[PDB]
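Only one chain is included here, represented as structure tokens and corresponding to the form solved without the named molecule.
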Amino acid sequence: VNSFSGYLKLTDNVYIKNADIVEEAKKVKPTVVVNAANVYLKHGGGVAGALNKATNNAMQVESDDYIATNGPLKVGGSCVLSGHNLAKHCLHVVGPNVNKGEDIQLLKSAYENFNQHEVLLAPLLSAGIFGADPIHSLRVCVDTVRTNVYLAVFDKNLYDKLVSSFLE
């Protein structure tokens, strides 16, 4: 149904809301939720752990089956697997983990995976355990994504800093 409500429109195609991505998925019933994935689709932490828990581990079981046959993703890459109870599809997208020395330049490749989907519910890529500057990630999102992206930021203080930064 893609019933996004209460978003702030930043650009013609980028929207943001102070919200929990799991509660947004349940409310909105998106066609596609983006996972903040790692290359082995091991969803023990970060947004990936929250999504997986909300699928009662179905996302991890599917991901383990996928990886054993298909091999890992690349940093900046993606795959499309089931959205389970959260969405029709899950676009697993690997942003660079700058806490572990990966190239922040790959955040552009990471966001280019969104352009194959008309509308997405998504987290800010490379935030949290991936260690990237969120203000930078929002800029790369706005510069790179052409399709409609609805970003969910749960931390209110970070949300407020992102909106204040974007309106400068």
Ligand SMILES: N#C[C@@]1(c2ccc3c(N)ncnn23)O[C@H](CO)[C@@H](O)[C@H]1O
The other form holds:
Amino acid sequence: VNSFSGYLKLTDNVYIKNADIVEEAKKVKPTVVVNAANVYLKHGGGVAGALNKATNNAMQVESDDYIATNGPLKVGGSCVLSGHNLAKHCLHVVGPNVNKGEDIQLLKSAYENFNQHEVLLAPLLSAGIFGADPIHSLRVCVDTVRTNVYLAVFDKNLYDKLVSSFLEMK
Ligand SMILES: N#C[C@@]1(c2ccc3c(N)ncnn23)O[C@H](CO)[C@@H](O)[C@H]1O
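Structure of the form solved in complex with the named molecule, given the form solved without the named molecule:
To see the whole picture, the full complex is given below, headed by that same chain.
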């Protein structure tokens, strides 16, 4: 379990790889894969769509059932559900959607959920269709998470920008 390779070490607990999080999950079968979710766990596109498609919609069926019960998540919150064929657990984490003016302060709350798990395979939160500054999201991740997070960034342009920015932060 958790046999990650090819990651660049940024800090003592944050690693980054240019890779598809679904392919990483299939190769490693991590204890926890993080989903970049919305409050209804509607896994339409991006990371959520990729993860759900890999489960042939089992993640969505499970998610629809959770929401039908406990109601939607809060922005900045999370829930632990099955990892299906990708991982033992999936931590669905809701970062703020700044395309909707959701408070960017909730990005720190979002990353704080990672601290409930020893080791996570995760995407960068609130970027892509959530619209947040991805350098900012990396900075909040590095500043906030206390446990071991392995970040999988599919987009090579974004990956190179993130790594170049991290080298210039310190
Ligand atoms: N890069 C990237 C993305 C993304 C989309 C789809 C995937 C995937 N399959 N694996 C990893 N990353 N990934 O992750 C961030 C999620 O907030 C945004 O920048 C997205 O554009």
